[PDB]
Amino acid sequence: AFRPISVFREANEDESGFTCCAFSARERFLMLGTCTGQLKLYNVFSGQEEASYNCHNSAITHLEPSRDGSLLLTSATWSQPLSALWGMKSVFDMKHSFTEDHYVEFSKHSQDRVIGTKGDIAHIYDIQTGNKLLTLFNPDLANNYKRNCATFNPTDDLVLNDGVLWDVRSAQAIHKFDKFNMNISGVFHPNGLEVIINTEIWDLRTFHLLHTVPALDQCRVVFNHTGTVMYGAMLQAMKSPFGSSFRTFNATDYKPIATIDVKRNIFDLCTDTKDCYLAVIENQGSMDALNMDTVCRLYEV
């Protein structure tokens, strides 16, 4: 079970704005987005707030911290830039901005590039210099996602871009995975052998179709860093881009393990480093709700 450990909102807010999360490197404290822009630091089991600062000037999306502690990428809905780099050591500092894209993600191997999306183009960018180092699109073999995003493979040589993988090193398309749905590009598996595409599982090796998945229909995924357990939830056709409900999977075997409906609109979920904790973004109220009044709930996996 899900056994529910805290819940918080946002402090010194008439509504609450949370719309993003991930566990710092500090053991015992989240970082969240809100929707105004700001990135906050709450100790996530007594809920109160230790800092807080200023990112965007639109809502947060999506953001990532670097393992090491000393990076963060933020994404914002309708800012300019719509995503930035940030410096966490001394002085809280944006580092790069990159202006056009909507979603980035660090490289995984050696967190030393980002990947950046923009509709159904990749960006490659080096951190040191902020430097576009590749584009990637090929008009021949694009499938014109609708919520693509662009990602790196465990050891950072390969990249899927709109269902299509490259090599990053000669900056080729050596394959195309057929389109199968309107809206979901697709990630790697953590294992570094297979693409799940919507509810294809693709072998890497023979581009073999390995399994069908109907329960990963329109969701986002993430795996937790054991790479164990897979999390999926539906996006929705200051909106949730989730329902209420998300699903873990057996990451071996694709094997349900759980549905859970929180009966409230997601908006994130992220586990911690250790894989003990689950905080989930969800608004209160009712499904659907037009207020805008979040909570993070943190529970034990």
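Positions refer to the first chain, counted from 1. What we label the rigid core is the largest C-alpha set whose atoms superpose within 1.5 Å from one form to the other. Compared with the form deposited in another entry:
Of the residues listed here (44, 269, 63, 59), only one shifts its CA by 2 angstroms or more between these two forms after fitting on the rigid core, and it is 44. Once the cores line up, the CA of residue 11 ends up less than 2 angstroms apart between these two forms.
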The other form holds:
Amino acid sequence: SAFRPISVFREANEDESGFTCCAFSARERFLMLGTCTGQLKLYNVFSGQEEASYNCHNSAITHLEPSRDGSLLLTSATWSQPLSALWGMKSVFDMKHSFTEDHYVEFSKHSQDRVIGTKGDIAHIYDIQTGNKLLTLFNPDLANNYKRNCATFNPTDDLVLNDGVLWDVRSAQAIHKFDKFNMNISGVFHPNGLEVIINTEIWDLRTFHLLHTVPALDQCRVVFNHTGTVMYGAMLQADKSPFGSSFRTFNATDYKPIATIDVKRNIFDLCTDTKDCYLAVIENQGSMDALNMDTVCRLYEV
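I would like to compare: after the form deposited in one PDB entry, may I see the structure of the form deposited in another entry?
A single chain, with no partners or molecules, comes next.
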């Protein structure tokens, strides 16, 4: 895969830039950029200009997820309460609900009517409308205690992976524990609905057998392109930039290695657009020994 840098966004009216995460708007107009002070900046991709600034947190934004319908946004931050929140993005920018001690959140996938939050080894499922906690998912007997566990729904919303344990949501119980082969990473569902990727191990969802071991995915966070044909993986720094300077691409259909991309700067986040046209990467432009970070967003043609 080739990645041509075409633009750079820098926190305007500032000496050093403080972006920490990125997501493309559900409709193609904006790049949403979270900052190290807890703001969310909306940049017009075409004009290159900031058009809005929203107040979300009082510490660095760690995670952004826009709903597909364009109406809602999840955020997470690093140490200020609430650690996660849900925002409405219609006429007014509103906090709809917060998830005060959950340090990571995602939407449900099939129908975006729920949020799943993670607090340590525990998952919480919330109703978007009421904000009420519907489920708590934790089994002390099956737990892997992954240090960087993040809970997630599968594509049809009927299963959750939490701490390497598969849960049936409708009957609220664990159905399988995947064996523990690392200390940190808890895994994700492939958008195809057929595999679960837990660190270096690719598991078959139908039979639960190990299909592949991919050493290059060790300690990686993973994201797919819109059509689910390319998987991006970047290795976390040992637990400050969350990643090192490289990410790798794989063909999502057979896991075939594509490319290693080293931008020679530490990476804070990576996001893809809906049209498979652009990749945005938050990169520390600052020198190795600089006292302060200078994290910009670089836009790449895919």
